[PDB]
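Construct all of the structure, not just a fragment, from the sequences and the given hints.
What follows is the residue order along each chain.
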Amino acid sequence: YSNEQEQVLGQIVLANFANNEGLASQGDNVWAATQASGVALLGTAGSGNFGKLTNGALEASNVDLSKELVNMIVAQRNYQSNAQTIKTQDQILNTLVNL
Amino acid sequence: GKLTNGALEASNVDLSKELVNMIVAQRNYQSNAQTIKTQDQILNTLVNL
Amino acid sequence: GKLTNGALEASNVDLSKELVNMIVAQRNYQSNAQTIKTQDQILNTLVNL
Amino acid sequence: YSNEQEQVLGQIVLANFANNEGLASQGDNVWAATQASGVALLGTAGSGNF
Amino acid sequence: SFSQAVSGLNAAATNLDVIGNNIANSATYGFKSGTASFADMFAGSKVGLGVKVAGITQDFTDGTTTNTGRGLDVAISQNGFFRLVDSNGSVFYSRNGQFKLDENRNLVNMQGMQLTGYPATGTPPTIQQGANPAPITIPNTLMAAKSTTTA
Amino acid sequence: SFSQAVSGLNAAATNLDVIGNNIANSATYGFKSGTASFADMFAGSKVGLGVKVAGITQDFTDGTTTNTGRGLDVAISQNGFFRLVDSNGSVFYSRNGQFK
Amino acid sequence: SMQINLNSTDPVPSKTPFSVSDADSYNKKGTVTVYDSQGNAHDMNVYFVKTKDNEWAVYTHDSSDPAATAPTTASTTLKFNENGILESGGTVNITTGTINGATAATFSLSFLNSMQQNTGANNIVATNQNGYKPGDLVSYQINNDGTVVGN
Amino acid sequence: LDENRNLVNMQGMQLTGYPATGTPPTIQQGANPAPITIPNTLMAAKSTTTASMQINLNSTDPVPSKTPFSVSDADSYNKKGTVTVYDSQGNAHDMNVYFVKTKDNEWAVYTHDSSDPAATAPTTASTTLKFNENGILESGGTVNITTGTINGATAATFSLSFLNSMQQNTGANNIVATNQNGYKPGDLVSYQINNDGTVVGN
Amino acid sequence: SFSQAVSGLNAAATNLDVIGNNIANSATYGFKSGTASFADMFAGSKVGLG
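Protein chains in written order, with the entry's author numbering: chain X, 304 to 402; chain H, 354 to 402; chain F, 354 to 402; chain W, 304 to 353; chain E, 2 to 152; chain C, 2 to 101; chain G, 153 to 303; chain D, 102 to 303; chain B, 2 to 51.
Keep in mind the hints are simulated off the structure, nothing from the lab.
Don't take each hint at face value.
[Said to hold, decoys possible] Estimated spans, in silico, between C-beta atoms of each pair:
| id | chain 1 | residue 1 | chain 2 | residue 2 | range |
| --- | --- | --- | --- | --- | --- |
| 1 | H | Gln379 | E | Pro140 | 43 to 51 angstroms |
| 2 | D | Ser291 | C | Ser95 | 49 to 57 angstroms |
| 3 | E | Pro140 | D | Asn295 | 52 to 60 angstroms |
| 4 | D | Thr221 | G | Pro169 | 29 to 37 angstroms |
| 5 | C | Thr15 | F | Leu396 | 43 to 51 angstroms |
| 6 | F | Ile389 | W | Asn332 | 21 to 29 angstroms |
[Claimed, not checked] Examples of chain E residues lying across from chain H (beta carbon under 10 angstroms, computed):
| id | residue |
| --- | --- |
| 7 | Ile24 |
| 8 | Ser27 |
| 9 | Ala28 |
For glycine and all other residues, C-beta sits at the position ideal for the given N, C-alpha and C.
And the structure:
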C-alpha cells in the first residue's frame, strides 16, 4: 500500500496426488481428479511434500523434439509393416476366392 | 506512476530474444510439417493396398 | 470503419493453411476413388458369375 | 451498443436425450426426436448434463 | 482373420497420433508428454489374436523453467498442482502458471478459471491455512487505519 | 490423426506471427511485446486431440526512457495510460507520448 | 473424522480465555464442511488449544450460522499418552446450528489416529465426512467387475 | 502407484513380493509373497537405546585449573561435546558430554541434558575413561544414561559407548563420530526401487 | 534442448546490458556499479538444464 504497510490477501494452495498417471486431462492444460488418481492432498509450497514456487518464471513443456521425430519414424515404419500384413491377407483371400 | 517530460518510453522488444524464439518456432514448425508428412505417407500406404 | 488513404486491403488467403487443406482434400478424393473401385470390383465379381 | 452498454438478446438452449442412438437422422446434419430417443431434456450450457 | 493386422494398424495409428500431439504441444507451458502402452490379447488359442492399447501414460517430469518475468507468472518445481475452479464450482488442477487479474480482480489463467487458495480474514488479516480454499481476490479498496494501541 | 498436426502447425504459425510482429515493432515508442499462450485440447479420450492458442498476452514492462528534446513529449513511468478521444467521442488508451 | 498431528513443543497460549477473534488464544484451527438434512453447507471450525503437556482442549464453532452462540465451554479434551498415542477424548457428539430453518445435524466427530509428537508444526493429516449435497446425474459407466456406477 | 498405494501394472494386477515386518522393518524371506504397498502413514519416533561417541584425545593437555567443575565455566573442563537423542515423542535431548583430565591417561566424562531447563547440573563423575599405554581404551567405554522428562514424554534411557576411542599425541580434542539409533517423526517424501528389488521409502 | 542455449544467451545478454549501463554511468555522482549473479537450473535430471 501507500501507507508503508502491506496486507496479505491469500496463499496459493498446492495439490499432490497418490497417482499422477491417474489424472484425466480435460484440455486447456488442465487436469481433473478422478477415482484412479484418488483424492487431492492439499498443502502449501515448501512444506510437507511440495516443491517451492519460482516467481517471474514459467515451466515449459517436457517434450523433446528429437525423440518425438525418431519415434514418429519408427511408428511410421511399424504402420507400414502392419499395412503389408493386411495386403498379405488380402492376396490370400483373393487367391482363395479366385479358386 | 510519474510522468517524465521531454522523453518517450521506447519499446520493450529485445531483439536477441526475438531471434532465438524465431529459431525455436521455425524448428517446431518443421517438426509439425514432418508429422504431417509421416501421416500423409501412412494414408498413401493404406490407399495403395 | 475508418478509411485509410494511400493503402490497400490485401487478400486474406494464407498459403500455408491452404496447402495443408489441399493435401487433406487430395487424400479424401483418393479414398472416394478407392470406394468407387471397390464397388466396381463388386459389380465385376457379380457379373462374371 | 454505441452507448457503452451491452444488452442480452437471448440464450442458446441445449437438448440432451436419454438415448442418443435412438435419434432418427433427417439429413442435412440434423436429427429429430423420436419415441426410441425419448423426450428431449432442455437446459443451458455448462450445467447438469450439458 | 484381419483380427491381428487391424488391431496392429490401430495401435500404430494411436501411437503416431500421440507422437504428433506431443510435437504440436511443444510450446505449451504446463504440458506433459504422453506415451501409449500396448498389450497383447491372447484369447484361448495360442495364435496371438492381436494387440490393444492398455492406456496412455503421462510423463510428469518437470520442464525447463524460463524466466518470462511477468510478476503474476509462477512456475512450480518438484511435485504439486495449481488448483482452479470454474464458474460452476468444479475443481481442476494445472501446472500452467500464467495468471492474470480479470475485471472483478479475480486471479484467473488464460481460460478464465479462478485460482484458489487459503484466504485471509480479520484485522490484521491472517492466512487461514485451515479455511477451505477460496478464489483469491485482490481488491483495490482503500485500506483503513489502526489506532495506536501498543508502542 | 490429421487434426493434431494441423493444430500444431497453426499454433506454431501463430507463434511465428507474434514473433514477427514483435521484431518488426522493435523501434516503436510505447509498443509492448506479445507472447502466444498455448493450451491442449483433450476431450474425453486420452489421445490428446491437439493444441490451441489460448490467447496473446501483452508484456507491460516499463521500457527504456529515451530523451528527444521536444517539449510536447512525455513518457509515463511505472503504471499509467494516456487517455485519448477520437472524432466520434470513443475513448482510447495509449502509452505513446508523442503529441502535437 | 479428523486425523491431525500436534507438536509437543508448542507453548501454552497466553491469551486466556479462548477467543475466536484472538489468534493468540489458540494453537491450531481447522475446518470441516458438513451438510445438513436439506443440503446447506456448515463450515465447522475446530480449535485446538494446548493446556498441559499431553492435554489439548478442543472447541467447535459453526462459521456458516450467523446466530451460532459464541463457544464458552471446551467441547472436548484430547489426552495423548507418553508415547504420543491418543488415549481418551477422541470422539465427541457435536450439533451444528440452524440456517434458514433447516434442521441441525448431530454428528460424531472422531479424532482417531491423531498423534502428538515432535513434528515440524501442527498439521492436519486428513479430514473426512459422510454427508453430501444434492447431486444431478452427469455420467454413467460400467466398471471392470461389471458394476454400473453413475457419477 | 494406484489409489490404494499398491504397485500395480497398467492392467491393474498387483505386484507381489516379500513384505517387511518388525522394528526396524526387515525383509522376512520365510513368508509367502504379498502385494507391495506404499502407505503415507507417518513414521513414528524411536526413543534412543544405543549411542556412540568415538573421540581422539591429546596427551599433552594440562589438567583443568579451576576446581571444582561448573558446566558454565569453559576453563573448568578440557572438552565439551553434544549428542542429540530422542525420547518417546521424538523431542530432542542435547546431551552435553564434558571431558576433564584427572590424572595421566584418565579422563572423567560428565553427562548433562541441556534441553531440560529444570535439570540439575551434574556434580559427580558419570564415567571415568581409562586409556592404556598408547590410546587403546582400557575401561569405562559404556555407561547407562537417563534422559530428563520433557513435555510429558517418557525419558529415554540408553547405553552410551566410547569404544575404539584413542588418547595419543593428537593436536587437540575433536569429536570423530557421533551416532544414535533414534529419530523424530517424518512424513513420506519419496520412494524408490533398488537394483536388488527392495522398495525403499525416504 | 533449445532452452539451455536460450537461458545461456539471456544470461549473457543481461551481463552485457549491465556492463553497458555501468559504462554509460562512468560519470554519475553517487552511482554504485551493479553485477549480475548467476545460478544453474538443475531440475530432476542430471543434465542440468540451464
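We went through each hint and held it up to the structure:
no. : hint                                      : result
1   : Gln379(H) x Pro140(E): 43 to 51 angstroms : holds (45 angstroms)
2   : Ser291(D) x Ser95(C): 49 to 57 angstroms  : holds (53 angstroms)
3   : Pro140(E) x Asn295(D): 52 to 60 angstroms : holds (53 angstroms)
4   : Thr221(D) x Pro169(G): 29 to 37 angstroms : holds (36 angstroms)
5   : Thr15(C) x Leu396(F): 43 to 51 angstroms  : holds (49 angstroms)
6   : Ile389(F) x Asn332(W): 21 to 29 angstroms : holds (24 angstroms)
7   : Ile24                                     : holds (5 angstroms)
8   : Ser27                                     : holds (5 angstroms)
9   : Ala28                                     : holds (6 angstroms)
Consistency note: the structure conflicts with none of the earlier hints.
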